[PDB]
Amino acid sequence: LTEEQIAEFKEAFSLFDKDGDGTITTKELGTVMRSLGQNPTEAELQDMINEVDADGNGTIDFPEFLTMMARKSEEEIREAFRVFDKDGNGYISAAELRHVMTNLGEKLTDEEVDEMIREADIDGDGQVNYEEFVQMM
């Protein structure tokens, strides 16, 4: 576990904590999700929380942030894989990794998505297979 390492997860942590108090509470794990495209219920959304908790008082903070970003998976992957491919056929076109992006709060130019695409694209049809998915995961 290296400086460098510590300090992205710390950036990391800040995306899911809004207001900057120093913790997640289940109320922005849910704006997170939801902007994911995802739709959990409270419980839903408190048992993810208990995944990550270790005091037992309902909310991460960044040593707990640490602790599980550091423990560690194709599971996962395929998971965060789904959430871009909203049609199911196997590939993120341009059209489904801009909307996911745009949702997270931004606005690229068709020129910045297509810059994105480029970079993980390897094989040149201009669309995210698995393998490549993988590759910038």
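Numbering follows the first chain given and starts at 1. Note that the rigid core is defined as the largest set of C-alphas that superpose within 1.5 Å between two forms. Compared with the form deposited in another entry:
- Comparing the forms between the two forms, the C-alpha position of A95 differs by 2 angstroms or more, with the core used for superposition.
- A movement of the C-alpha atom of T23 falling short of 2 angstroms is seen between the two forms when the two forms are aligned on their rigid core.
- Comparing the forms between the two forms on their rigid core, the Cα displacement of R34 stays under 2 Å.
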Second form
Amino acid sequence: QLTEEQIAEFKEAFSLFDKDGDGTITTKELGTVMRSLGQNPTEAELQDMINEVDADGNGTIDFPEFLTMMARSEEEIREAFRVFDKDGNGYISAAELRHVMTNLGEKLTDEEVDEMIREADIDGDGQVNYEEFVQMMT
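Let me have the form deposited in another entry next, following on from the form deposited in one PDB entry.
FYI, this one's just the chain on its own, none of its partners or other molecules.
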């Protein structure tokens, strides 16, 4: 299920999306995030993404809506894996993850990053391969 440490972690994850700290994620904020991860959703796509997680229909995502979403195919996971595996070599390194997190406006110690890698890593080689990435999601 769901620990207070995880709720804490999802609460800081939400802050990566909620750029202005006003407590909601707007279509504009989501667009910014998505472009920082190399994507280019239209205005209507961003509204679609918002409206799917927007439980109360108010046009923005609050933390309870975000947390709910987080409580919970081939191509989407592969597509996401390629966002992190910047050099295409099949392995997410700590430095590739560092880079992704810095693009999202998040300066992390080399230790924090290594724990993220460590938690996803299954075989212990210090990197995240595609099969390990698939498992993390599921």
